[PDB]
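Below are the chains, spelled out letter by letter.
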Amino acid sequence: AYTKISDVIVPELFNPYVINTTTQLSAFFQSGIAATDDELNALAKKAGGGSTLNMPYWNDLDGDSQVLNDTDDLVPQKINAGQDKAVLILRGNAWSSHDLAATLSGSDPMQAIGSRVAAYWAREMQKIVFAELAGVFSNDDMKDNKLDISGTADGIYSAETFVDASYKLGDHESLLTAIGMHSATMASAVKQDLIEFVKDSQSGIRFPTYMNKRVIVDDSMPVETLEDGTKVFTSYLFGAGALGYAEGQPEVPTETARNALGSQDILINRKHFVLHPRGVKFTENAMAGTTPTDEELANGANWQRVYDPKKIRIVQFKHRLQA
Amino acid sequence: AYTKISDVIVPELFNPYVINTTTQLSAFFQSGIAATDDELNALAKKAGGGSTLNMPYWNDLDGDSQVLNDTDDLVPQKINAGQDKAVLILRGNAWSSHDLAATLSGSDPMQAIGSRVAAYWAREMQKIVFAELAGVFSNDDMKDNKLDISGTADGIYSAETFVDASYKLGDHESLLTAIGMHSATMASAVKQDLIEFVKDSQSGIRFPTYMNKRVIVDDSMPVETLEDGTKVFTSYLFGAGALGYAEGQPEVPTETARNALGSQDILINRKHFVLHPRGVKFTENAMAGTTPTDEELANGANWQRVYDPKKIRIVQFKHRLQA
Amino acid sequence: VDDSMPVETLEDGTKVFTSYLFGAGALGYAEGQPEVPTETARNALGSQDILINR
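Chains as they are written, first to last, in the deposited numbering: chain A, 2 to 324; chain G, 2 to 324; chain F, 218 to 271.
Next up, chain A with everything else stripped away, as it sits in the complex:
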């Protein structure tokens, strides 16, 4: 062999580098949470098949608890609805190629292969969360207050419908940071509007900005087809600040093993993580398992929310493109 801290397999000095590198290099961030508190590093420790965990709300909400005049004592006290049940998911894989890819990277990938896997799970988190929201939030009648459309024969997504969707939260504002986008939309935008290119975070270069919101480019968007040339796009608007996630940990993070009657070897990772909006609750119906559920089944139907209206915090609008 070679140096190969994976093929000489020091599980120490490696795994923390892996996860940290994943956090830093990935984005999001932010947008959503980064390095969530103790609370979730605790409930992330000993657990099991859920449901999930709780996951409090935030505001203690009081301001009733009325005139203390003569005679009550006080009423100790009110709390509102509750739960917010969600999913704990499990993932992992080996590495596709042989030691071919592994040390084809080079000799001593103390930081190389780690960077590799890190970027990989970055993309993972991206896809899972994005498809998750898309699978749930839009389809029900319960969330309707957070969606706008117009989106028949007149509107371009510029400078105005962005205002409406932006203020569909009437109480809260300056809580918009990230913006989800479909490529064609930002094409229309960089045509008409002023979306400019700003090295903004320091250091590093760079990534686009509409207004001082950070924008996030993504490939996957639901795209319909109606008769008469029309195409309707989604492009969620949230940038809530934030969602949340906690790590947990499996056992045996990385295992170096080889084979015999062929020439190969295999690396593996298999990490667990817990991520979801809070936000709506995840019910248990129409799902096999477990755990986790799936990608698809983690989408297709059957979620239920309790707040309701505010402090969700996400919105969507289906807008006609630039015609």
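Don't read these hints as lab results, they were simulated from the structure.
Fair warning: there could be bad hints in the mix.
Stated by the list, open to error - Selected chain A positions facing chain G (Cβ under 8 angstroms, derived; list incomplete):
hint, residue
1, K47
2, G49
3, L54
4, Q84
5, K86
6, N286
7, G290
8, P293
9, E297
Unchecked claim - So the derived list for chain F, only partly shown, Cβ under 8 angstroms to chain G, looks like this:
hint, residue
10, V218
11, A243
12, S264
Beta carbons are placed, not taken as given, at the ideal position from N, Cα and C, and that holds for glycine.
The hints should help you fit chains G and F onto chain A, whose structure is shown.
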């Protein structure tokens, strides 16, 4: 007043004794298991919500044998299906002594007061079990392979219909253990059948028996009324070996406070436990909470089950009383 | 910015809003003080404890 193992509360030496005697005394047992995997304790030890998960599977260690021919290998016995959820419940009540206090208030309660407790406690456990088990079949046909029927005025419950129900465990016979029954039925039995008192320990005493089994006399039963004053008795037959359960523990099982204005001292116990047939997985659907549920709602309706066909294992059969 | 404003409805389409203009500089307030600002107490017959301010 006394040693007050409750009232000045020595928490050692006690709660373990309460649990131990709690199992030892009341039965069931067996029938059902004792001390299955404590996985649901690693869940009971934090954390979990409703429902419980991950209680598979092992409904046998079978899979015959591995011919072992010449050069060849095996590792067969790879099988799966839907897994399970069930329930996790929490309960408790009080126990009250008085300030004027007709005394004693035991001197050596570490056997005594605990013993009374345990007696009460498991005596409630029976109520839960038989309730839920009576809750399965209520609204469903999916169990219908497991239920014989009669009521055309023929069949006595003895010596025949019991044998047919014996075959109703689909492939497997001679796995039976105990027989659940209503008192009037076994009255007809005693007037006819061979029911034979059987001493257990030598000499220690004793369980009634139908045939080489334990008989369980319980009171609350499904009881119908047709027209014509004639009646229908259900009387489950399982002797499966088994149901299942595991405990976990809260914080602070034992606590002591007294009342000022009133004249009392009060006690509480409150242990958590899991019980359910495996057997159907319990749905969280169209029902209250949360958590745990009820007696009633743990009975009324809306359950769903996955194995299926056999190795469940319970059957009910309905018949007229002797005539 | 504030959430609560009186909002009327005149039939039709009109909506009339309030949105006070003051910024006087100022109003005024003084605290005073009660007795027992914060009291830590618990319960028995259940698992809780309670904090209070008043």
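Going down the list of hints, with the structure as the test:
| no. | hint | in the structure |
| --- | --- | --- |
| 1 | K47 | holds, 6 angstroms |
| 2 | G49 | holds, 4 angstroms |
| 3 | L54 | holds, 6 angstroms |
| 4 | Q84 | holds, 7 angstroms |
| 5 | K86 | holds, 6 angstroms |
| 6 | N286 | holds, 7 angstroms |
| 7 | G290 | holds, 7 angstroms |
| 8 | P293 | violated, 12 angstroms |
| 9 | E297 | violated, 17 angstroms |
| 10 | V218 | violated, 37 angstroms |
| 11 | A243 | violated, 49 angstroms |
| 12 | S264 | holds, 7 angstroms |
When each numbered hint is compared with the structure, violations occur for hints 8, 9, 10, 11.
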